[PDB]
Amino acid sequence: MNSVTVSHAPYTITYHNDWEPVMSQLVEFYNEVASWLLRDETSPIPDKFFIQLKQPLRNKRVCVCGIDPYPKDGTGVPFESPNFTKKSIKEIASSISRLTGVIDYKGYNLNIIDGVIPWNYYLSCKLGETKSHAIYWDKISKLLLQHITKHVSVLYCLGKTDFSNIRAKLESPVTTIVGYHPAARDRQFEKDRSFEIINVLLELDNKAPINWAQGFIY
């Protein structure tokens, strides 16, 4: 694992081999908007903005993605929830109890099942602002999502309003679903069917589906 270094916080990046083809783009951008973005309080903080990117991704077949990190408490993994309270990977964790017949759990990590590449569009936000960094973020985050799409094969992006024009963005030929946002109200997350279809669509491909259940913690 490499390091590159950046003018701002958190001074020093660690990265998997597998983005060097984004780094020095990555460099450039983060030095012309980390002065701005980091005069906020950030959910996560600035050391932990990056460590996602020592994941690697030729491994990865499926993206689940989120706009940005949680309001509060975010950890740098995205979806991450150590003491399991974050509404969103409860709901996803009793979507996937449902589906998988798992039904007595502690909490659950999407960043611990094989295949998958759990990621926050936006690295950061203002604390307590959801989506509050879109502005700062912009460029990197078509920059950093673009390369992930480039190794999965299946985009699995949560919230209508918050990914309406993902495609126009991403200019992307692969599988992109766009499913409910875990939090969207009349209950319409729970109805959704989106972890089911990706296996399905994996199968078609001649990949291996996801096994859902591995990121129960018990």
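Here, rigid core means the biggest group of C-alpha atoms that superpose within 1.5 Å across both forms. Residue numbers count along the first chain shown, from 1. First, how it differs from the form deposited in another entry.
Rigid core superposed between these two forms, residues 39, 187, 58, 150 considered: the one with a C-alpha shift of 2 Å or more is 187. For residue 26, a C-alpha deviation below 2 angstroms is recorded between these two forms after rigid-core alignment. After superposition on the rigid core, displacement of the C-alpha of residue 175 between these two forms stays below 2 Å. Once both forms are fitted on their rigid core, the CA atom of residue 67 lies less than 2 Å apart between these two forms.
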The other form holds:
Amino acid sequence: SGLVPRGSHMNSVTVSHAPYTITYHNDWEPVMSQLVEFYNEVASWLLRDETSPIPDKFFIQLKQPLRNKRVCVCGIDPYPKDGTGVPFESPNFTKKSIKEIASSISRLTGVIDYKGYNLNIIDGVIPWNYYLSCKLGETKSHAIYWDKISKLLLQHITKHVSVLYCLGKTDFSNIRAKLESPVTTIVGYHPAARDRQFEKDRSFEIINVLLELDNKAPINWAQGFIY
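For the form deposited in another entry instead of the form deposited in one PDB entry, what are the coordinates?
No partners, no molecules, just the chain.
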């Protein structure tokens, strides 16, 4: 209020294929020249098929600052269909993962009435997709293309966040992301997994415990609720 936005923290790079221009918050600058090289190597293979999300939305999460992030909530790749470029986001609130996440937070907070939930509007949380695209309707089908980019980006995230929360024990097998320093990590169940309500609920609960051990402020998960 009073200051006119001028995007002073937003940089951009050119790449050889769609989306041709990647814009990104300054906090990502240390990895972008490597990302450009990797993406130019592989973009041809990626763009052959219809993807979730569309190529113009591959990189929009890089607009998010990292210096104000203390939790990363990470799934393996986008929704097989209707990915928006924002991890876990479902505008019409139909995808099973974000509905299950909302139910968990509802049980943890006591919030009963809501119409949606979005991990991307929570102070201190960056929601993340390890792989930034999938072939339309086929989960993890673009693992081989994103491989080195995914390691690069996750490694950069874990230099900023205090807690990394991975969703899907099977999904995150063998990713080999070489982190530079060990970071507090929880590998929990997939949000759409069956019969593990208690452990899904409790996985979110422990994150704030872990943050306080690190002398970091808790997450207010209720900020994600859409009314």
